[PDB]
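**Q** Keeping the supplied structure of chain A fixed, place chain B with the ligands upon it in accordance with the hints.
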Amino acid sequence: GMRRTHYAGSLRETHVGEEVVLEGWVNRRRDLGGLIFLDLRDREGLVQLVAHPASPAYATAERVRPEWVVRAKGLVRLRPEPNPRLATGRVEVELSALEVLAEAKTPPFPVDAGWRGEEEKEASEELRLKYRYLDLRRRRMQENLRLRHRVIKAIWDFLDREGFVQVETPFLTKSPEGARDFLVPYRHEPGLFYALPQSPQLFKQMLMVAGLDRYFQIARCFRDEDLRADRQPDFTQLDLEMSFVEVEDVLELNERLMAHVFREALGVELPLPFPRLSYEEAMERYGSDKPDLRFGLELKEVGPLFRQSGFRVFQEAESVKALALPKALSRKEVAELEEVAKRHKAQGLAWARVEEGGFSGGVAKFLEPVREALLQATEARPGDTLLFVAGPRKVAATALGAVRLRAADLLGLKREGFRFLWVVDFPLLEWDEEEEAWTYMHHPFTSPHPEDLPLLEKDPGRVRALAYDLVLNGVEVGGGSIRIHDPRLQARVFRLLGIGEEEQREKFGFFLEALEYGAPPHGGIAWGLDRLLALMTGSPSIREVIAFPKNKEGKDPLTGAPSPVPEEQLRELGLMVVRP
Amino acid sequence: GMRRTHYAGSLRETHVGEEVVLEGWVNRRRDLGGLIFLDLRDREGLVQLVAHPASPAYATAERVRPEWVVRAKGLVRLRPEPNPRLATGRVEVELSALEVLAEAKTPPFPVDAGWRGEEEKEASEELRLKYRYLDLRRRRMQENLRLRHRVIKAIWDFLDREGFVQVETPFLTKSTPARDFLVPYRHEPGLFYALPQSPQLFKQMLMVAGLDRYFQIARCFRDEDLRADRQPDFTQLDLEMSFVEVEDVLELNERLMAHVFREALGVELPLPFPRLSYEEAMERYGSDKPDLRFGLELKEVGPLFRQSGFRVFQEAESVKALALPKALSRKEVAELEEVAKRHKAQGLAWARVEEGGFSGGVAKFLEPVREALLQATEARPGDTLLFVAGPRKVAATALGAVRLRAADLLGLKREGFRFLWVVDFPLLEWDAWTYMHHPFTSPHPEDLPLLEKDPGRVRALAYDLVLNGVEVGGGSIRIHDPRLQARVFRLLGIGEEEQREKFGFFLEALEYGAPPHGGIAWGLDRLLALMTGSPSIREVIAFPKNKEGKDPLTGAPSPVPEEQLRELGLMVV
Ligand SMILES: Nc1cc(CO)cc2ncn([C@@H]3O[C@H](COS(=O)(=O)NC(=O)[C@@H](N)CC(=O)O)[C@@H](O)[C@H]3O)c12
Ligand SMILES: Nc1cc(CO)cc2ncn([C@@H]3O[C@H](COS(=O)(=O)NC(=O)[C@@H](N)CC(=O)O)[C@@H](O)[C@H]3O)c12
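These protein sequence lines are chains A and B, in that order. The working numbering numbers the first residue of the first sequence as 52 and each following residue consecutively. The working numbering numbers the first residue of the second sequence as 71 and each following residue consecutively.
For reference, chain A alone in the conformation it holds in the complex:
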């Protein structure tokens, strides 16, 4: 069997008197009074080795330096003075033998602090990525990756128990998730390309057409996007699909799945069911289709109060949203929120102060005429600051919702735990204020609400969709919808999305024919697995929960990718670089 008898970091007082064999890295060396103290590291933690001058292991111990790999044998004994910061802190290993398995030169950054329970100084991420195999020696990085393992294993356990069949779908396929495709040239016939999948969407629907009933996959998705916050050229999804389901069925199974993951992987109980809010209700109360429920400060609509007002900018406005903050902001803080507000298309930010009887500051003059009804609607108290955005309903909500989020940081609010919610009843379409056009909120295979089918021709903008987003602490972690299983309706919805018979046959012909052979009702969802794991670990970037990620430009400094290729290899594909 293995020479190793225990993991180094797993030794305890119960092992005293036992002879052990250990293998690991030298976390640090310290010589004192002729003794050589070596902190031996493996994935379970640190344990102290002691090399005594009279021991055969001493000569070898004198050569050892940090990050050397060694095999150690000796007796477990109590330390005269225990180190309470270590799980092995009460014991040490009196060495009888020591062998060097590998030498190592000094690393470009330290990996030893985390294993001692000490704080780790910040290191250049570009350098960490260049030496990612060393960065992954740190305790925090291994904790993240082992959490990722526990999460995926819990997903397998739960969904296998629920009858879901894991199916692996192709990576070399044809060119719809609303992004740019990554292409793979077909060598035997230039001009032909595969496309890496933006998602397994159409394959998992065809698996429902095939009668598998319910499917899941830890699928890798590839999307070539530009301006994206914390973008990676590829990412991981928990993808799943179900047949003969309504919206409620997909939601019910997912929250039960999420509760199982958090319980088994984090030991956290998630109260069930998750809170549910419609798209309209979420925008009105929070000005965001991904509300952050870790605090209050809800938005109140104050439009019907200004229909008799001399303030033309309020009285004419479609919407005036107000927010009461429990603090008297400085003009700098107000100006900070005003800049945030203006960045979201608002006409401006109004401000004031709530005082014992009247109002003071900002637009306080215009606040004085109204009060009995207004104070009841906002519950504002002396010492508060009132902020207002007036405008179109969607603008007014979205601008003051971003102000709401920014103000939570300025005020230093304690935002704790994990607050999930479902956002449901999305409109089938979203108005592009920029391009003055209709665009879909979820992919074009989403089912419109069946009660609204006649509105497809009459009034497109009123059509609801059977779509849903899963939100965690103000972040979209998942999204899905009930699909269209009737071929007539799917073409209808394509013609409505500016797609004629030509683009349909070329881009989706195979799938539309599949719907003609008896497709069942079905729907599903996809999680952003990297995103969810980043939130579960309090990481600021998904790069902290991916083993070998790219940097912000989509480059790999460790391997040198992307890189050029020989002219010969490029001619073989029948392609050349366009000369500028």
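No lab work stands behind these hints: they were computed from the structure. No residue lacks a Cβ here, since even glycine has one placed at the ideal position from N, Cα and C. Worth double-checking, as some hints may not be accurate.
Said to hold, decoys possible - Covered by chain B, according to a simulated footprint, are these stretches of chain A (three or more residues, beta-carbon under 8 angstroms):
{"no.": "1", "stretch": "207–218"}
{"no.": "2", "stretch": "246–259"}
{"no.": "3", "stretch": "343–352"}
{"no.": "4", "stretch": "423–437"}
{"no.": "5", "stretch": "614–624"}
**A** Okay, now just chain B with the ligands, sitting in the frame of chain A:
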């Protein structure tokens, strides 16, 4: 909650008297004696629905057609006579309601027979692939895909219990000089990612990172000849371990495989697996992937003919002998001889075995050494002796292929699953010298001094897992000493510029303390095809490419608009 109360195919006698709601596809319709019989299908199997003339669903049941999607409601009843070919064979559902959820065109091929337990006529695979979503309705295809699920889940359960960490590795990586599938980098035309040939370097770096043991259901991409039932991308079970010897890797993979077969197939694999050195396998079977489902081992008999007048035997480097337990026809022998010649042999000698002597071909030259030849081959009266004389590797390889062909001719029973390890492969082979698998494969430590003196005799710490004459897995212990790795490169004539070009980043990683480590990769698609008795891995892949590497279902690979390609800064030559 859900509308359906049960899976259609899950109903048994225990459900009699219950009112059920079922949803599925119309497998078949029969009108008999005024009753309308509908076979309702879902993934769990068929159940018989019965519409009676008095039932509100009578008219509906009459107009439905095969593959229509329907929701049925009714009372579970015993059949008057059970149909034991259905798991639901004892019961039926008296229809009170029938609702059409989707009509369906006539499929281009049938998908109903297998669900009744009937043989299915072979259909054009191109047609099956073009309508794969219909092909996957067949029972056989759903059983394959669900076995694949149970196998992967069993791998997760076992390796998680043994302390392995699943780690996902990049799909967009560095192109290096097999041919790489490339991915253009939009922001700088002329730069490309590559899809990974394997996770090798990444999993070795995870050992350098101290994770100790890793695994991954990894996808590999290799743009090479697709003949021999190859796909552009395929699935490996890939794992790596630290502080291990060859023994440790084999032992864990044996127990893992036994667990997979037990949980996924209900089959018990005796442990430990047999082991043969590469040399023993070639000597006894003429192949580095022996098929242990039958005997017929090869025997070296060259040293019996050193004083024999028969030139071709006497002067041959090696004479391999094979005893078939049947007297062959003059035709069969010529088929085996043609097989031998097809494998570089000079020919195939033969002779029939009698009670007191020989008779057939070289029988005359065998009588002088009769006693020794029978103790060596254990041949008996009625057998047929076959011989190939020539170079050791040629004679073994040729008669080993004859051995396999003879198994078919004799109609031998080849049943079950026979695993074995092939170990102690040579580290190098002639061309100057070259490696036999990967330049990171560790030499056998007790052969290290031979690395420069006699390279051809250096054993490697490599191993192949073979199932019924098919390689299903392979791996090795890796080099963790950069000084030894440089020593191997010097022996191979691989200069520094070439090392940095191919392995620079990983060679530098060895300088930071790499532990002893090793691993293996299974050909998961190949294994599943063998576990299901399928002739091609296409049968165990949901949406595979055809034999030519193209996807008839979607039409990929297909052209793109010139503006989609212009945006990447590339143009067709
Ligand atoms: N996390 C993450 C990172 C990056 C790096 O640049 C890009 C991402 N692009 C997406 N995600 C995450 O995947 C989730 C689902 O993807 S989806 O496009 O919304 N919907 C679909 O794909 C539908 N086919 C699902 C269905 O309808 O069943 C999002 O909620 C994000 O958490 C990304
Ligand atoms: N099944 C299968 C199908 C196809 C369709 O085109 C192509 C294949 N190419 C390979 N395989 C299967 O993968 C196994 C391991 O792959 S390897 O190249 O030998 N070694 C390695 O890749 C090392 N990284 C492993 C290590 O040393 O740890 C083989 O034993 C085959 O069963 C293929």
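**Q** Each hint needs a verdict: does it hold in this structure or not?
**A** Each hint tested on the structure:
1. 207–218: Per the Cβ count (5), the hint holds.
2. 246–259: Answer holds; 5 residues pass the 8 angstroms Cβ test.
3. 343–352: violated (count 0)
4. 423–437: violated (count 0)
5. 614–624: With 7 residues closer than 8 angstroms to chain B, the stretch 614–624 of chain A meets the three-residue bar; holds.
In summary, the numbered hints that this structure violates are 3 and 4.
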